[PDB]
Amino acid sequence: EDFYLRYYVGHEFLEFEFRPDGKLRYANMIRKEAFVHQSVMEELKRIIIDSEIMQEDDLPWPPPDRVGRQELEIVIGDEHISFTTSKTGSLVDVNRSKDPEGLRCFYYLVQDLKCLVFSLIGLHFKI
């Protein structure tokens, strides 16, 4: 079952990617690389599936703005998504869109992904 995940937000920016083999690439300059155990990949997939983000559509969401943009690409098996939006620094910004409920699922999934990546990179490289 194929897998891929990449998240981008931002030339100031933050970017991280998980390849199928567990390779984690991080960039924010600060560029880190490390291979995570299969248990980490398993947990990542569980979080993604639980978020139901794969069933969302970004059409109603705000397009890349001037303050910045966000990109979320995910592939799980035959399913895949490629979202592009403007920055979403808080819930007040989410609740100001046409589809606030859908955008909040995106906001929270992104928050969960960042928390996991920050913990992995931060503790591994003592950043």
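Numbering follows the first chain given and starts at 1. Only residues modelled in both forms are compared. Between two forms, the rigid core is defined as the largest C-alpha subset superposing within 1.5 Å. What changes on going to the form deposited in another entry:
With the rigid core aligned between the two forms, the listed residues 47, 34, 91, 40 include just one Cα displaced by at least 2 Å, namely that of 91. In sequence order, there is only one run of at least 3 consecutive residues whose Cα atoms each shift by 2 Å or more between the two forms, relative to the superposed core, and it is 89 to 96.
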The other form holds:
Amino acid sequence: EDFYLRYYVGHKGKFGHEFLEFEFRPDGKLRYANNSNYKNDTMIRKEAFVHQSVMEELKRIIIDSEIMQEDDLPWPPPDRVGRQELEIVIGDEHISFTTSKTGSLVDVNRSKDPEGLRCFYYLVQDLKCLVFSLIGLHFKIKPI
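Output the form deposited in another entry next; the form deposited in one PDB entry has already been displayed.
FYI, this one's just the chain on its own, none of its partners or other molecules.
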């Protein structure tokens, strides 16, 4: 069954740029880049192949979130300050969302689709925890 997942978040903050991006390919390859620490001139860029059980848990988390049924049309668009991109292929279904950096409980609650935006927020946070754990323990580095 076809599979792909890529998430990117970037922003221009008071202290400068910042971006994080990771991708899981159908062959189990995890690629990760994180340059979120602007107090240093380095970047974190790593890759590794994860076991199929990891890819399966990933699909499980995505299916359970119900994100595959969401649509970003009514979502705030990316702006000159922040941008998030999430692309997923699972079997026949594919989705590609692009939006701004996630705002507050307040902002989301007043948006056109609070339910969909919350679903997006929690899925991204769950994917980040899994990715941070994988990179962090496998390379024995802060994933930051």
